[PDB]
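Let's start with one chain on its own, the form solved without the ligand, as C-alpha cells.
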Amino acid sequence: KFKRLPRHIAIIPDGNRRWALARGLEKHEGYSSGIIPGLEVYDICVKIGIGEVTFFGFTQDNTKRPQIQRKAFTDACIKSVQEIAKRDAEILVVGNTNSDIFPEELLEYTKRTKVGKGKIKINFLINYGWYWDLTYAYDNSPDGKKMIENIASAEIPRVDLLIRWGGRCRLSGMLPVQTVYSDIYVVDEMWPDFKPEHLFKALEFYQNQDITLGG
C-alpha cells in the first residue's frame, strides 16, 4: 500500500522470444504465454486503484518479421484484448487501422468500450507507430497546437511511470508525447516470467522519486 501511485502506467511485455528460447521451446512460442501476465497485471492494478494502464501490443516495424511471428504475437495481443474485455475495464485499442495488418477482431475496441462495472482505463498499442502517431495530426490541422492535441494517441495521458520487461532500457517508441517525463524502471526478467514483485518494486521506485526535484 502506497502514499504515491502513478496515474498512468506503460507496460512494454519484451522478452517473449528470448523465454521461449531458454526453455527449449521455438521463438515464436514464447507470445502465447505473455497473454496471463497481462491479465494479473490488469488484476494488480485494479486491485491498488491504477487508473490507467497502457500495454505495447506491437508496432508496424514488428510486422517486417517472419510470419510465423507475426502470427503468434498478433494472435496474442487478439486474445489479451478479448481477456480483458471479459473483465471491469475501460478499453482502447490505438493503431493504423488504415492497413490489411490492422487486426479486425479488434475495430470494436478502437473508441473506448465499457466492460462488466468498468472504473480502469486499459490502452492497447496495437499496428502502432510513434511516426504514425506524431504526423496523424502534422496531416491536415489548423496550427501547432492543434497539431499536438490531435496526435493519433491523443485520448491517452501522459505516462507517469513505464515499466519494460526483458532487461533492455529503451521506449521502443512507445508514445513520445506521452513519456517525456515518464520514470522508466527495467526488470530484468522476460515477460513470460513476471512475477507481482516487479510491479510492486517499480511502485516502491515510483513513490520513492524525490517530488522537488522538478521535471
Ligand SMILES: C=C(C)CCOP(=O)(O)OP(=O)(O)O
Contents of the next structure:
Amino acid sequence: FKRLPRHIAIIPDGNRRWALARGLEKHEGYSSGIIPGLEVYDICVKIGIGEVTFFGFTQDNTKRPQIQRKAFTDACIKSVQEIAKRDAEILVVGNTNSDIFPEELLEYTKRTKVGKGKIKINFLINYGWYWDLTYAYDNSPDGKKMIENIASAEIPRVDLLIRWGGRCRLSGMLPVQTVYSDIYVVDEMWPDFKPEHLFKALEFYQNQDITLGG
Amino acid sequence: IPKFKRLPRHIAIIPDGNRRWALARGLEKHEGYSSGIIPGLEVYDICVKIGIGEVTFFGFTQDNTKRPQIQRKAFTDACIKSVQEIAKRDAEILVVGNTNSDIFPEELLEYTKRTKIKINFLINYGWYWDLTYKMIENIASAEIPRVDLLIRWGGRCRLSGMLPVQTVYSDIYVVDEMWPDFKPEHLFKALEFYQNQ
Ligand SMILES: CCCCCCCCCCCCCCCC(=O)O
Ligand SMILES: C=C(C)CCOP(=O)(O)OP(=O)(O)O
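In place of the form solved without the ligand, the structure of the form deposited with the ligand bound is requested.
After this comes the whole thing, all chains and molecules, with the earlier chain placed first.
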C-alpha cells in the first residue's frame, strides 16, 4: 500500500445476527468475535499500522439482556488477555467507576507494554460518548483544557474506521477522534471476518483524493 | 415520489462534490458552488412534501475558510443565496456558527435566532468551537436535535466535523454523484435505506 492510516478504529458488529443465521442463540456469536480481532491485530502488525482501537462495548450496550452482556463482556476480557499474550502497547478506556467494568481489565487502564510492543491497541470497555465528553467538564481551567482532558484524550484522531455488520453509523465511538474519519462498512458480520475485508478497507483509504481537504 | 413506512425526524445534508463537478465540466474549481443552490431548493421541496420535520444543511466550516479566497467567496455567496431562497419559502430558519468573526456573512446574522419544516444551516461552524462553547445542553449547536439520517454527496464517507454530538447514532448514506448532480432519486434511495434499518 502507498498510503496507510496512522490509526484504525474497529466496530466489530454483527455477532447476534451471525449467531441467529447459524441457528444459534443471539448471545452465542460474541465468542466467535475473539479470533477475528487476533487476525486484525496480526495483519496490522505485519503492515506496521501504528494504532488500532477496538470498540468493545458501551454503557448503552449494558441495557441489553444479561445473557448477552455476560457473553460480550467475557469475549472482550478474552480478546484483551489474548492481545496481552502478544507484542502490543495495550490501553483500555471506559467508566471504571461502575460494577459493570470488568476487574480483569483494570490493570490495562494505563498503557501496558506486552512482549516486544511497538503497535498501540486500544479497547473501549464500558465506554460512552457522553461520559467521554463530560469527563473534561468536571473541573477544567478552560475550553482549550476540556478537549485535552476528555476521558479518551490518550487516543488520537482516527484516520480509518471499519464497521462489520453492514450498518453505516458510529454508535457513539469517540466523537472527537472521528470528526474526519473515512468510514468503510463491511456487509459481513464480524465473526465472518476475512483478511480481504481489511485489505479492501485499506485500498479505500489509500484511494482517497488528498487534494480535497477535510 | 414513493410512499414510506418510516421517515427520519431530522435529516443532515452534506452537499459536497462542487469542485470536482466543476473540474469534470472543464470549469474552474470555484465555479461549481453556484450550481449547488437549486439542489438545496429541491431537497427542501421534497422534504416539505413528505413532511420531514427538520433538515440541517452543512454550509461551510471554519476549516473550509483555509481554502483559496476565490473558492471561499464562491461557497460563501452560494450559502447566502441558499438561505435567502429558503427564507422566500415556508420554513423556520436557523443559522449556527461563529458570528464572532469577519468571515461570518452579515446578511445571515438575522437568522442566528429561529424565525416562526425546521431548516438549519451551518455557516462558519467548527466542531471544536461548538463543543468548547450543563455543558451538553449549552454546546453552540444545542438548538439542533439528534440527526437520524445524514446524506453526503460527492462519494466520501465521513462527517467532516459536522455536529459530533448530534451524529453519534446517525445512519449515513453516501451518494457517489457530486452535489450539483443531485437527483430526487438520491434522496428517495437515502429514505429507503433509512426505513430498511
Ligand atoms: C447550503 C446548501 C447548499 C449550498 C450550495 C453549495 C455551497 C455549500 C458549500 C459546499 C461544501 C460543504 C461541504 C464540505 C464538506 C467538507 O468540508 O469536506
Ligand atoms: C456497539 C454498539 C452500541 C452497537 C451498534 O449499534 P447501535 O448502538 O447503533 O444499536 P441500537 O442503538 O440500534 O441498539
